[PDB]
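For reference, the chains in residue letters:
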Amino acid sequence: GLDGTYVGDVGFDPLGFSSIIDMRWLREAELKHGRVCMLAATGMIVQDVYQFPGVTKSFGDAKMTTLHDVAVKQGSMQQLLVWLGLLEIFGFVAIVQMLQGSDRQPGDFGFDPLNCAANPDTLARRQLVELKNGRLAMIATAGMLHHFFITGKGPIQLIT
Amino acid sequence: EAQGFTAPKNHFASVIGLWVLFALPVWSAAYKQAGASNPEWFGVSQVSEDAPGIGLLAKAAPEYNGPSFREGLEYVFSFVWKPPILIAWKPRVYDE
Amino acid sequence: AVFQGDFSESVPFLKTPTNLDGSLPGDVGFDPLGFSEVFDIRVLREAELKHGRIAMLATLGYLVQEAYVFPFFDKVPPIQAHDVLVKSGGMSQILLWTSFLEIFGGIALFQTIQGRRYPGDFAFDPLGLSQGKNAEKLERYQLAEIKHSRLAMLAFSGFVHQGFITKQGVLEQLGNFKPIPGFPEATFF
Amino acid sequence: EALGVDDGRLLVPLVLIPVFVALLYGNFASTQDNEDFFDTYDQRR
Amino acid sequence: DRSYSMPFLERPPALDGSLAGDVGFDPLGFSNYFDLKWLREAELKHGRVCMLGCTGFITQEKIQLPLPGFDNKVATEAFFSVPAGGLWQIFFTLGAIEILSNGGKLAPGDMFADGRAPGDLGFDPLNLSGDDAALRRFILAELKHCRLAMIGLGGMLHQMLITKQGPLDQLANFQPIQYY
Amino acid sequence: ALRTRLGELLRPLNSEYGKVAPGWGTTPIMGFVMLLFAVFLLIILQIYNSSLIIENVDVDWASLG
Amino acid sequence: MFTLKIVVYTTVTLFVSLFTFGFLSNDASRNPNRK
Ligand code: CLA
Ligand code: CLA
Ligand code: CLA
Ligand code: KC2
Ligand code: KC2
Ligand SMILES: CC1=C(C#C/C(C)=C/C=C/C(C)=C/C=C/C=C(C)/C=C/C=C(\C)C#CC2=C(C)C[C@@H](O)CC2(C)C)C(C)(C)C[C@H](O)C1
Ligand SMILES: CC1=C(C#C/C(C)=C/C=C/C(C)=C/C=C/C=C(C)/C=C/C=C(\C)C#CC2=C(C)C[C@@H](O)CC2(C)C)C(C)(C)C[C@H](O)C1
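Residue numbers (the working numbering), protein chains in the order written: chain W, 1 to 160; chain Z, 161 to 256; chain C, 257 to 445; chain V, 446 to 490; chain S, 491 to 670; chain X, 671 to 735; chain E, 736 to 770.
Check before you lean on any hint, since a few could be wrong.
[Claimed, not checked] A short list of chain X residues far from chain Z (calculated; beta carbon distances all over 10 Å):
# : residue
1 : 671
2 : 694
3 : 707
[Said to hold, decoys possible] The list that follows gives simulated cross-link-like pairs (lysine-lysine, DSS-like), each with its CA atoms no further than 30 Å apart:
#  : chain 1 : residue 1 : chain 2 : residue 2
4  : S       : 563       : W       : 73
5  : S       : 595       : C       : 423
6  : E       : 740       : S       : 595
7  : S       : 595       : S       : 634
8  : Z       : 219       : S       : 634
9  : C       : 403       : Z       : 169
10 : Z       : 169       : C       : 434
11 : Z       : 192       : S       : 654
12 : Z       : 192       : C       : 423
13 : S       : 634       : S       : 654
14 : C       : 331       : W       : 57
15 : Z       : 242       : X       : 689
16 : Z       : 169       : C       : 343
17 : Z       : 219       : S       : 563
18 : W       : 73        : C       : 423
19 : C       : 423       : Z       : 169
20 : S       : 634       : W       : 32
21 : X       : 689       : Z       : 250
22 : Z       : 192       : S       : 595
23 : C       : 434       : W       : 73
Source of the hints: derived by calculation from the structure; they are not laboratory data.
Think of the CB as a built atom: it goes at the ideal place given N, C-alpha and C, for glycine as much as any other residue.
Given the sequences, and given the hints that come with them, work out the whole structure.
In structure tokens, the structure reads:
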């Protein structure tokens, strides 16, 4: 079920997920988790270093998960769910169109504002980078959160 | 505050009711004109077709030329008054 | 779609909706969940225009109602007026005449379904705008009407919802702009 | 007071039993020729 | 030769790959003594009834209609609070859906007499059952959701009867059984 | 002879008339069990007769309480 | 008193339903002159 064509194929599917689920879905998923995790890791690190202007007073010092429990009350989180959900409904259409025969390759939403992938070759190198950074990010995010659970400390603070 | 045929609320309800009645003619006709019925319109699932528990034929209907419904209820009753638990311990000429 | 592919103009990722063609005015190709596939586009167009034409009047009204009230009527925040007029029975008068016009409209929808009339044309052009001399303008106007309508429906929606949270009238909110009540003051924790 | 039902639980027998027996009758009714007959009574049974 | 689900036992004879959701699990062999079409219609109907029901237990707790007595968070408790007549009106409306959907052929012998592959009461408003391959895989999903929901509703009902708490609330503020 | 559902259900129970095991079969086992039963009957009889006094076995009305 | 009432209601409803649906089962056809 695992073949060379997908980018990033080192051939590692010990549990054989590929055999039961369409690779196009698995890939769209790996990128989507990765793209989210990269942003999450960046945010958790950014949050410790800087906060937006009025934020500290309303939320105080809560960080990581604790901030979420406080954030939901602000409704900052809701706006995030409603807008992100609106993007996702288009994303559901995209997976459906792709699963139905369609041109779009998994993970392609057509966002290249700076025309960075215009060279065909450079795109391939970037694609490998994106899965790899994303695979790392997910591992890191999980770690930062678990570290948080146990130490009650933000990751930059744990380094401090 | 009038009530019934002259009440404001019954009238708002009446317009909502008229929409419900006109919905079936207006939208069933719209659905009849082009509803689904597209080669390009088909459902999709991530799961592979070889995955276990996927039927060879859709909406399968077995003939079941077998014991009548009542006998099956008896088989289900024989579950509780004649299970095969003690046959396993069965022991292994005619006087004239 | 950074990888090359045939695709819809408004949204790069999705394919042009089937049975959605440039011919209806204001077609940027956005029907991400096909509704057009499930129900006929012309019946749907009649709806976009009807909602819009209703909405365009409503955006003007909510704003006008704030600034001015006809003298015989009292000045109250518009959402309140519906309650006042509904007790008054003014709203029933709007409902009755609007329903009568709508019954003529419902017959025209049936014709739209069976060929006959183009969606949304009631042939109401009393003025000469888009008259045979101005017939060239009709295609352009059509685009404006859908665009104004799409926008108005979003705008009214906005005025009413913003008004409920702010409890502040739309003209007032513009000139005095404040956060939703309590946010600057409140601390979640 | 209606049907002497002072306790809601009384409605369960009153509705479930007529329905269940109707279900038995539904099978008799479906196994019949329900086309019209033009006569005093239907001899098809 | 062998069931897939239960390797030790033999494949129930009646079960072949054709019905969907068939991994061979009919150990007690009900399949041999009843019509699979009757049995499937029941596997589906109990699930469809408990896909609506399980969603119902969760939704009722979070949101309740404005009308009086529709205010009890616990589903089991709510059955008593709501007006009895309304519950019968629901019974009857559902009862009509039964007769109209099955066309009045409502019994083991006649329901499937005309066509009606089990569970095809005709509700496919957005045609999604046009691809066959798609239909074969959606059908596994319905059964797998129907089977989970059955187990879930039983668990929620019994756990509420002990805790007098709705499913989400009990998980919050969980207390061991002795406390209740 | 009338055939009935209960008759067909119970027919194998009344099917092997005259079927016998060869020779003596389980006769020594029956004799041993009868000997044990005789010993048990003697024990209980001598207990009731008060010719056999086991400890904590007061054959008397006063043993009721 | 409630249990006796519910038993009586069950029995009466059962017998009345049997009567009603039995006379609905084309009773006129159950005559010796029917073909
Ligand atoms: C969720 C993230 C995710 C997803 C969807 C995938 C998906 C894929 N990977 Mg990638 N990968 C990931 C994370 C992920 N990977 C990470 C973190 C690493 C670094 C360790 C890698 C390293 C890697 C290599 C080196 C290779 C792949 C390959 C593949 C492909 C085939 C592998 C397969 O069949 O298993 C699919 C993978 C999964 C199903 C993930 C299982 C994770 C756990 C075990 C699941 C446990 C159950 C879960 C917790 C239940 C909760 C789910 C709930 C939240 C919904 C497939 C497109 C191969 C490829 O490119 O083939 C073309 C390949 O050579 N992956
Ligand atoms: C043309 C026919 C017609 C007639 C006879 C009426 C009659 C009435 N309407 Mg009106 N109405 C109509 C059409 C009509 N409506 C239409 C098409 C709409 C828009 C959908 C409305 C919207 C409307 C609202 C919003 C309200 C009424 C109200 C009323 C009632 C109060 C009358 C009033 O204010 O005092 C007498 C009227 C005046 C003092 C105003 C001056 C009228 C001048 C003198 C007459 C001019 C000619 C007249 C308009 C007739 C036109 C047709 C003619 C040329 C053939 C009254 C029963 C009110 C109500 O329900 O009562 C509380 C109210 O609030 N109506
Ligand atoms: C006027 C009301 C009405 C009518 C006429 C019908 C008509 C019908 N329904 Mg019903 N139904 C209704 C309302 C109605 N429905 C409502 C409101 C619900 C709840 C939402 C249901 C739920 C329902 C289900 C779940 C099923 C039906 C089925 C049927 C069909 C067969 C009826 C039959 O033979 O059952 C006569 C009655 C019985 C046979 C008694 C029920 C059997 C008991 C409850 C089984 C108990 C199993 C036991 C607990 C497990 C053992 C445990 C172990 C430890 C021993 C028929 C078309 C069945 C069907 O289509 O089958 C293919 C089916 O499976 N219906
Ligand atoms: C989806 C199933 C369903 C259908 C198809 C359906 C159709 C109709 C029709 C036919 C078109 C009418 C005319 C009608 C009228 C009323 N319904 Mg309604 N109804 C349904 C479901 C429920 C529930 C669950 C409740 C309910 C109620 C009422 C009351 C209030 C009585 C009162 O004022 O106290 C009135 C007048 C409540 C109730 O009866 O409470 C005592 C309540 O809980 N209904 N209903
Ligand atoms: C776009 C960049 C930006 C972001 C993403 C962002 C996010 C949040 C969040 C999100 C979780 C909360 C909860 C929050 C809260 C407050 N912000 Mg802030 N905010 C941003 C920018 C500015 C500016 C430019 C100002 C400002 C202010 C306040 C006040 C005022 C009252 C107070 O101080 O009590 C409060 C309560 C004003 C001010 O007075 O700051 C001292 C002001 O000028 N913010 N802000
Ligand atoms: C498309 C297009 C064109 C165009 C266009 C344009 C200009 C479109 C503009 C669209 C816009 C601006 C849409 C705005 C959506 C805002 C939303 C949904 C906010 C929701 C708030 C929520 C959910 C909340 C909340 C809550 C929070 C946060 C916490 C709570 O304590 C409080 C509260 C309840 C308030 C046009 C017509 C020109 C032409 C063309 O033919 C095509
Ligand atoms: C197209 C497309 C998509 C989409 C989409 C969207 C975004 C659809 C959004 C549609 C909307 C928001 C329609 C809104 C209509 C609002 C109206 C008609 C207002 C009426 C006001 C009235 C009658 C009033 C009033 C009042 C007045 C004036 C003043 C007061 O004193 C009184 C009163 C209160 C009575 C998606 C991707 C989802 C799917 C798809 O594949 C294709």
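Hey, residue 423(C) versus residue 169(Z), does the alpha-carbon distance stay inside 30 Å? holds, 26 Å
Satisfaction of hint between residue 73(W) and residue 563(S), Cα-Cα up to 30 Å: holds, 22 Å
Agreement of residue 434(C) and residue 73(W) with the hint, judged by alpha carbon distance not exceeding 30 Å: holds, 19 Å
Just to be careful, I want the Cα atoms of residue 192(Z) and residue 423(C) compared with a cutoff of 30 Å; is the pair within it? The given pair, whose Cα atoms are some 46 Å apart, is violated under the 30 Å limit.
Run the distance test for residue 169(Z) versus residue 434(C): straight-line Cα separation, threshold 30 Å. violated, 36 Å
30 Å limit on alpha-carbon distance, applied to hinted pair residue 689(X) and residue 250(Z): holds, 17 Å
Are the Cα atoms of residue 242(Z) and residue 689(X) separated by 30 Å or less? holds, 25 Å
Say whether it holds or is violated: residue 707(X) keeps its Cβ farther than 10 Å from all Cβ of chain Z. holds, 23 Å
Against the 30 Å threshold, does the CA-CA distance of residue 595(S) and residue 634(S) hold or violate the hint? Status holds; Cα separation ~27 Å.
The output says residue 694(X) does not contact chain Z. Does that hold with a beta carbon cutoff of 10 Å? holds, 14 Å
Compare the distance between the alpha carbons of residue 595(S) and residue 423(C) with 30 Å, and conclude whether the hinted pair is satisfied. violated, 58 Å
Given the proposed pairing of residue 219(Z) with residue 634(S), does the C-alpha separation stay at or below 30 Å? holds, 16 Å
This entry does not satisfy hints 5, 6, 9, 10, 11, 12, 14, 17, going by the numbered hints stated previously.
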